[PDB]
Amino acid sequence: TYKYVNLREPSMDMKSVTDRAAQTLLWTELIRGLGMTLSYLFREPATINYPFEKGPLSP
Amino acid sequence: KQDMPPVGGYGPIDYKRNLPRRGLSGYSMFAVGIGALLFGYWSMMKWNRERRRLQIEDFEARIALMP
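Protein chains in written order, with the entry's author numbering: chain E, 37 to 95; chain V, 7 to 73.
For reference, chain V alone in the conformation it holds in the complex:
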């Protein structure tokens, strides 16, 4: 008279299938990308242009000597 099945206490667990979490898609991407990339080239032309100014100063000390 000592046998298994309980009178109660059950679930069940699902048979389902779901993890579609979105996700920042669909014109949200391709907009943060271009907005990041244009910040890069804007951070250029303030350094590459400025290094071009110090470049001429480096040639300047050459030319003021050599006679």
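Extracted from the complex, chain E is given alone in its bound form:
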């Protein structure tokens, strides 16, 4: 069948333009976007310590 992606017009009224003009000018994206998704460094790293530890295999 179908699915349409990126087929939508903007709202283009008085309210939601300030919602978009807060984005371009004062960066409500790009900090909430990727100043938080990256850090998120607080997970445990997964490194096989190779001369001693070795990885899984199969028979």
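Bear in mind the hints are in silico, worked out from the structure with no lab data behind them. Every residue gets a Cβ at the ideal spot worked out from N, C-alpha and C, and that includes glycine. Please note: incorrect hints may appear among the correct ones.
To be verified - Distance windows between CB atoms, simulated:
1) E/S47 to V/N54: 43 to 51 Å
2) V/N24 to E/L77: 18 to 26 Å
3) E/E45 to V/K52: 46 to 54 Å
4) V/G46 to E/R44: 27 to 35 Å
5) E/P46 to V/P11: 22 to 30 Å
6) E/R56 to V/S49: 28 to 36 Å
Claimed, not checked - Selected chain E positions facing chain V (Cβ under 10 Å, derived; list incomplete):
7) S47
8) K51
9) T54
10) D55
11) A58
12) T60
13) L62
14) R68
15) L70
16) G71
Based on these hints, arrange chain V on the given structure of chain E.
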């Protein structure tokens, strides 16, 4: 007779797409900004004006000497 598929125990996981959390938008911003900025200039005129008073005292000690 030892074959895979279970009789039950399933999810599934979604195919969906959603994380639109707002977010303090739409006249809430541009209002905390101006309200912060006007606190800055109000914190000026109490220091820059006051330093201008001590400035004249610094010139004052010069003028009371040098005859």
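For each hint, the structure was consulted:
The hinted window of 43 to 51 Å between E/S47 and V/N54 holds, with their beta carbons roughly 45 Å apart. The given range of 18 to 26 Å is respected by V/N24 and E/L77, whose C-beta atoms sit roughly 25 Å from each other. Taken as a hint, the range 46 to 54 Å holds for the pair E/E45 and V/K52, whose Cβ atoms sit roughly 51 Å apart. The supplied range of 27 to 35 Å is broken by V/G46 and E/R44, whose beta-carbon atoms lie about 41 Å from each other.
Taking the beta carbon of each, E/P46 and V/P11 are about 48 Å apart, not inside 22 to 30 Å as hinted. The hinted range of 28 to 36 Å is satisfied by E/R56 and V/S49, whose Cβ atoms lie roughly 32 Å apart. Evaluation of the E/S47 hint against chain V yields a violated restraint, the C-beta minimum of about 12 Å exceeding 10 Å. With its C-beta approaching chain V no nearer than about 7 Å, E/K51 sits inside the 10 Å limit, and its interface hint holds.
At its closest, the beta carbon of E/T54 sits 6 Å from a beta carbon of chain V; the interface hint therefore holds under the 10 Å criterion. Hint status for E/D55: holds, given a least beta-carbon distance of 5 Å to chain V, under 10 Å. Using the Cβ-Cβ criterion of 10 Å, the hint placing E/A58 at the interface with chain V is satisfied: the shortest such distance is roughly 5 Å. For E/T60, the suggested interface contact is broken, since its CB lies about 12 Å from the closest CB of chain V, more than 10 Å.
Interface hint at E/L62: satisfied, since its Cβ lies 6 Å from the closest Cβ of chain V, which is below the 10 Å cut-off. Annotation: interface hint on E/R68 holds; nearest CB of chain V at approximately 7 Å, less than 10 Å. About 13 Å separates the beta-carbon of E/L70 from the nearest beta-carbon of chain V, more than 10 Å, and the hint is not met. The closest approach between the C-beta of E/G71 and any C-beta of chain V is roughly 14 Å, which is over the 10 Å cut-off, so the hint fails.
In this structure, the earlier hints numbered 4, 5, 7, 12, 15 and 16 are contradicted, and the remaining ones agree with it.
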